[PDB]
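**Student:** Chain by chain, the residues:
Protein chains: 2
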Amino acid sequence: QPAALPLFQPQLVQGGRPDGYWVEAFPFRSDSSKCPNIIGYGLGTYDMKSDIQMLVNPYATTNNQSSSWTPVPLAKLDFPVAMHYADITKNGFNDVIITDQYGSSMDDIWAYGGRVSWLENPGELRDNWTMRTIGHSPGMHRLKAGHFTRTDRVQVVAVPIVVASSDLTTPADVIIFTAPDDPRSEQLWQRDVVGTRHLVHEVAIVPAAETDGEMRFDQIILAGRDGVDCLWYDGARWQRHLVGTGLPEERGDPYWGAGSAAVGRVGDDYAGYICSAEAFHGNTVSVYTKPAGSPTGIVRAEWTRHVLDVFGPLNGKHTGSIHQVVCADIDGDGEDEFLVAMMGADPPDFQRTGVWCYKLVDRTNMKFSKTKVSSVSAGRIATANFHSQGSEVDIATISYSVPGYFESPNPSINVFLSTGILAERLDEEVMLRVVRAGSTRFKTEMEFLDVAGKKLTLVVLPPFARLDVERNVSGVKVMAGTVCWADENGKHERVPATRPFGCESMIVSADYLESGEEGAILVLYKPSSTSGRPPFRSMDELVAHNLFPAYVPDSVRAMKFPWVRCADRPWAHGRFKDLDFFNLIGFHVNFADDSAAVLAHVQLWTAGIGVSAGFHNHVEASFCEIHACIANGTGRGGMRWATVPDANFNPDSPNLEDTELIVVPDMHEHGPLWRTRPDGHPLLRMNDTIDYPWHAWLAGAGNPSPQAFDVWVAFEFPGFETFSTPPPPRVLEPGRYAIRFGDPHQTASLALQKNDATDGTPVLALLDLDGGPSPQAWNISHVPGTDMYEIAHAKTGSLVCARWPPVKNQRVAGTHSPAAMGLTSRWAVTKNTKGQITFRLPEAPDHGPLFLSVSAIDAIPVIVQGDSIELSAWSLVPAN
Amino acid sequence: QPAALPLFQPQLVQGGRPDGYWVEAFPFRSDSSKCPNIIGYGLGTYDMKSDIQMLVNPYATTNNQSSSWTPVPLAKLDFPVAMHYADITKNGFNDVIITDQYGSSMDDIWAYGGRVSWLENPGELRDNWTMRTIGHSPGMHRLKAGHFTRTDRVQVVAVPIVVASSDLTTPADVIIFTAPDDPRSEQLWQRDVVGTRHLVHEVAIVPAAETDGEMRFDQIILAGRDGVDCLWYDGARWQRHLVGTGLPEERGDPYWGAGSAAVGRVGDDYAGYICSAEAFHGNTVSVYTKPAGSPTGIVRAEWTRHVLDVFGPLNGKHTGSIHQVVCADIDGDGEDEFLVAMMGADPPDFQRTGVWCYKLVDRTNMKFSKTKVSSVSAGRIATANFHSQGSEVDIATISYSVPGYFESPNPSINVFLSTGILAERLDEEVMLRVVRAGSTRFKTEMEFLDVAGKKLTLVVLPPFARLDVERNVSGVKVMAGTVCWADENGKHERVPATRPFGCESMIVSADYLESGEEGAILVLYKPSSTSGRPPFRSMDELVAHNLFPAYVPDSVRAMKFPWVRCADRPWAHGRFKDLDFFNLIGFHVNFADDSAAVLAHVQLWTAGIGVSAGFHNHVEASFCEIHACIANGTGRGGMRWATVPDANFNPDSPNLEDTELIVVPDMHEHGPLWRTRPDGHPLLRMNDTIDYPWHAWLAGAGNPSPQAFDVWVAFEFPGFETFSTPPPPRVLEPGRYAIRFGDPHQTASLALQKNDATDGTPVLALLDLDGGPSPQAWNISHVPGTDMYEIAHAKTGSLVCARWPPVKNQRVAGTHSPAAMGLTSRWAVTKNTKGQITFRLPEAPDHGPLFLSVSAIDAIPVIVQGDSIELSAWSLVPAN
Ligand SMILES: O=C1CO[C@H](CO)[C@@H](O)[C@@H]1O
Ligand SMILES: O=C1CO[C@H](CO)[C@@H](O)[C@@H]1O
Ligand SMILES: O=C1CO[C@H](CO)[C@@H](O)[C@@H]1O
Ligand SMILES: O=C1CO[C@H](CO)[C@@H](O)[C@@H]1O
Ligand SMILES: [Mg+2]
Ligand SMILES: [Mg+2]
Ligand SMILES: [Zn+2]
Ligand SMILES: [Zn+2]
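Line by line, the protein sequences are chains A and A'. A prime marks a further copy of an entry chain.
Residues 15 to 871, 878 to 900, numbered by PDB author numbering, are exactly what the first sequence covers, in order.
Residues 15 to 871, 878 to 900, numbered by PDB author numbering, are exactly what the second sequence covers, in order.
The set of hints was computed from the structure by calculation and includes no laboratory data.
Some hints here could point you the wrong way.
Note that identical chains are pooled: a pair holds if it fits in a single copy or bridges any two copies.
As the list claims (entries may be wrong) - Only pairs whose alpha carbons sit at most 30 Å apart, straight line, appear in this in silico DSBU-like list of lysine-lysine:
no., residue 1, residue 2
1, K381, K574
2, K63, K90
3, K331, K384
4, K384, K591
5, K809, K591
6, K469, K90
7, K104, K457
8, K381, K809
9, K331, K381
10, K373, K591
11, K591, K768
12, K386, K469
13, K457, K373
14, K574, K373
15, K48, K540
16, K469, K48
Bound conformation, chain A alone:
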């Protein structure tokens, strides 16, 4: 399933900065690289030195309460430009390498400038690290650290853009610096010039480790006027591989070739593609591709350049808006997207301000599409997981601001935090916007409420994702998809709602669980010691606490969730006076996509001993409701429903003996209580409300003291199809099959007319001409929380589905536009004593059972009919 972009909670790392040029992700220790810091700064001015401020990552430490990024001044430098880092001292701390003394601009280059230097990490978070000089070369513009001719030392490649003021035509030395055995002695680093290039504006590095053995040394990618270029060493010699020339020169315009270039991973190949921005500070985005079946990596292939976008014209000084391109697996599917850092433009224009995120949509043809991620100036981009231990990629940017050239307003640093859940305050209640679990490749955990001895945590899971829980203590309640675990009694599974009137324990009994093909969205009930211990004798004992992560907006963090006694709620209207009966609100969960559709509404309730939460039937508003009890004060509290008809039951003086009880014990959820058609569509009232019998929560009877409160969580789902009444036997495993009709000799198979993907393509029985048309393949699968199945074309995906309306003799077709709740594309299965299978639609109350059937005994068309048992028997051969 194509990977979806994740969501992005923005957060302001540093604001109102004087200026801004550079931002980098800085892992303090060089061993590990999760939750790094950010280092950022600007080019400074003649009046004021630039503070290279290292901002501390607050999420760097778990148990985090801060969102604030603490600024540590690493140093104070005359026009710094570029930087990188590596463990120079070989002590497991990262040391900063930085160039400075550039000049104020390319027409103000410092003759004795372009200094390259390293800042020694002292192992703690004091400011002002001892600085040392690596070396000088006028115009010094970019550098990277790695192992280029030797592995047993830190080496630095450094490259001036020009050598002197306004001189755009003299090329610069590509320089390599080498650590001594003892970098702590103030002395000059060994240097080599390894080529001369014109107007190099970016250096990119491909570590030896990423090349899956191809290269023992680090590869240098240079984006310049000469274009995009690859230099590498092999042990004996330097060689060069031209990737391309980039922008063709125009007359009068000193800039051509490239300003930035990055190497994209695709699958097993670390160089699936090289992306590029042209020229120096240009407006042109392009990508170099190589022919299908090329060798892995850069140098063994010939590269061709295709232009993707030109974001509009250049100004009189022949510049534009693109400062950088970088590569990163944003959506976490194993292919690298690339991000374009937009400086902003003049006049102002959002098309040219922010980050564009390009996604490789078609691997064969190398087609891309761009989405907008952020629309506030990006002078530089840095990527890294900035908030968790998993492999999400967050995006940090610094605003591009240089006085006397181009200034954006409120020059700042913000980071955009990858997440599959977002939290927004409405008023008293909260909005949890969620990704479709189906198409994320990321696990997301967000704690929200600490109540009744439990930490309520909203959790999204990618397909086939594992959640490591606490055996027998942890509990779950699935809201979308399915989860699964196994102990001594085999496999167990949890779906949005169990069997009508059933009861299921929420306690995971294994050390971990796993999500279904469709992933899962769930509430994990974690054990908490900060919210009391049952039994609960008072509401003061059940105070709940606001648990949202430091990185959620403040208005959400500042919210309290009091328990309000139902009698006092605005919707009470004189009702529930004198009842220890309380209610806590509340948490909307809705999909973050363009449907904005509801997943569930959640709120909470408590009942003292002898208390009835009142009988009702939900005529006021439409929902399929499932309760999960957390604490059962008496061991005997649960749900009652009336067995007599609605007319026959007085809700006010309720006769409990026209009622049946389901104890919902500690950490259990119960099955649906609403009325349902035989195959599990709900009954509907005249005002479009899920039809329910009279029902209520009743707490255990007896002495109100000592007190002992029931605590339960309401789950208000929109309509769906549940299980069948009565439950069919299980006569079919899902799997890929051929679906066939007939006997020993004369047989035919179910088929999608000319294998055609279009909605409304006919479905047929194709005679098995022993000439060799070959029987088509069908994927059959169970629908979770039902007793129904669907049949989907192995090849197109098309669902076997009766055309509208499902009556005696309707034609059958393939569709990707099924009706709500699978009304015409889900089937009840039987199996005769022969072994034949039958497929039936949700029975409507007028038309009888209608089966998937042939119509005779060239292609026979397919229909649903009720009349003949013979036409509807099918033999299932396993296919592939």
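Take the given structure of chain A and dock chain A' with the ligands to it, following the hints.
**Tutor:** Here is chain A' with the ligands on its own, set in the frame of chain A:
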């Protein structure tokens, strides 16, 4: 109807400031006071002077494209503290009055300091205004400008907090300064000391104009150690009126009394209440009240102090978190809420960080409740309409940050913009979160899309609100509530959906329209010249443009809305190939409240000549859909629906003669097309989908060139009850009535048992004992877009409603918890040739017509029955 709080779009006015203390709303001109600027600053330090930066309001000019607040340095001052403004030069520009030279703290008071000075407004937006000295007094802490002993000159009241370092016990002069005839000559201002007070920490002013003639001069309110105090002049003498003492002193604690105080308007009274914060920088909120029926204003009443909140303990230097209280009609109901500026606390704590907004909930008892508006440090608050011409009140804050005392992170200025609509990007589509029109007191306009020669503008209206439109050009489509206009043919009205299969012009033919009792939420189609002119020959001609206001978030502002050809849409699946048939998405409108409920989903469509948007029936997803056509390319395009049953119609090769057509001309909307029960509940399919016959948009037939596109807007509503089939006659005006049964002598009336507000109170016929029980009153009103009515108790509000379920002989009760779509609380009316009225429920298909009826011929109970015509006749007398 109680007024709801409006919504707040936050916006960052200035960030990453060094420090922060003061913020003020500064009207550049002194004539007008809409869209003022903001002036703000901090106390500065010994190293750096404080820039009193005046930030330009970008919304100050209409046709605004900027959100950025341009900083103008007004001056650069040694420890400024407080400020105000007034037109000193009498030239219609506001001049700034400011104190500075305070000292660094109360233990570092400047002996020759406390300077008071004015900055001359030069009539333009250059920086650095000529400064002049008004006068000095050590410790100078607060001041206000007004007319206190004379009207023909600007006067300034100024008050030191202390007179010298750490001296907390010597009180200070309350000083009055007077402009000369010629303030432009550098000379000293005339001064008077008008009293001495202890630790005055706030000055508040009550202009002569607000006192409705009571006071010819301005009233001075002082919050200090002596408490909250009122000094005023009358022409001859000063007098003083003690409002209260405030915090009672504790031993060892130099602070008591008050730190801030503000005067709240209530209705016709400008001093309904005085609110207060205690003590100096304290944690205590209280309010002074006066006895019901007191005279208006402050000095003619005796004031009593009630404590509302104590936000937690004090630190060792006996301080807390509250810096200021102010008053403002936030919700616009004619009563002033008050806001508390929270500095933040230590350790950090949101309860003490931000603004609390208190609302006077009960005028009689003077009860308040607080809501949280913002949760980022507020050192000072300023209120003013910062973005429109109406009377919404926005909230600006500056962070409280003083180094070496208390520092919050990212000291900045933000403003919170009052609005009833909020705009949030989802992905390709937009979320428009809206207030309930019913309970706002503000008109809100937000343009979103410029398309087909129209500016599509979302509009919320308070009840009985007027929208001034362009006669015959402007158009409207109501999504909630009702609008109304009148021309020569009388009154016209527009509701969410007109009569099934009808057609209504959207063109307002008057110069204005007005909203209904329930207000309205609508799309106003404004005339645009930036989006082309019909007829539309190409899609390039119908490019639409993103119109959201500069104050909406950036991601929303940066969005494009392309027209995508339906064939290429993801949901297309081989369908609509080769059809000039396009689609633009999209705009969710949802209520901003805790229900988060849908109002409508909106998207757009176009069809070339001879094009059918395809036949369908909405089995895929549930909605009540209404289309509004903007441009009809042929004059003949519209909606077709099948008249044969669903089985009888082949959607693929559609036989147009089993179809009927409704031309939806230019600027018209049509009536519902879905199937409906006789009183207008929709028919529902087995999968809970609004049941529709086969239907489609078909463009006019004939020559595809010249081209000519239909352009229409889809409105996807959730289920509701529409009009009745067939339409009943109008036999009843709404109004207040007594509802009576019988004949000449023996009569009884409909009544709510013991006038009791509780849900499920019985409804009865009370014998009219001529002793004098007196007949109860009932409000009867039409339900918009239906042909039904409801009966609501004049006194409680309780709806006359049959208990569940509505069958032969059901009991009738009063409720505020009605069922969805009024299923049991809405009535079809008849009137016999006598004049008697009958009330019938939405007829269910089993039980017959059930009428509101008595049950005999002490109180007779009330029921719904079908059997007897006699028991159900009612006589309606007008009541009051
Ligand atoms: O579109 C949908 C399909 O399945 C989900 C649950 O698993 C629904 O809640 C959602 O609205
Ligand atoms: O079933 C339920 C739904 O709403 C009821 C309100 O009285 C609750 O008591 C209970 O959670
Ligand atoms: O609660 C509601 C009542 O009326 C509105 C329209 O006027 C609805 O759309 C809304 O969902
Ligand atoms: O009635 C409608 C709803 O969806 C259809 C999609 O083909 C549109 O053509 C038309 O706006
Ligand atoms: Mg090191
Ligand atoms: Mg003036
Ligand atoms: Zn990816
Ligand atoms: Zn108000």
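**Student:** Give a verdict on every hint.
**Tutor:** Results for each hint:
1. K381 to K574: Between copies only: 21 Å across chains, 49 Å inside a chain, cut-off 30 Å.
2. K63 to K90: both (6 Å within a copy, 22 Å between copies)
3. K331 to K384: within (28 Å within a copy, 57 Å between copies)
4. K384 to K591: Classified as between; 25 Å across copies, 58 Å inside a copy.
5. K809 to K591: between (62 Å within a copy, 22 Å between copies)
6. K469 to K90: neither (46 Å within a copy, 52 Å between copies)
7. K104 to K457: neither (35 Å within a copy, 66 Å between copies)
8. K381 to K809: Intra 23 Å, inter 69 Å, cutoff 30 Å: intra-copy only.
9. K331 to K381: Neither: 33 Å inside a copy, 66 Å across copies.
10. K373 to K591: between (59 Å within a copy, 27 Å between copies)
11. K591 to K768: between (68 Å within a copy, 18 Å between copies)
12. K386 to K469: between (35 Å within a copy, 25 Å between copies)
13. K457 to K373: Answer is within; shortest intra-copy Cα gap is 21 Å, inter-copy 43 Å.
14. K574 to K373: between (41 Å within a copy, 19 Å between copies)
15. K48 to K540: within (25 Å within a copy, 53 Å between copies)
16. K469 to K48: Within one copy only: 25 Å inside, 49 Å across.
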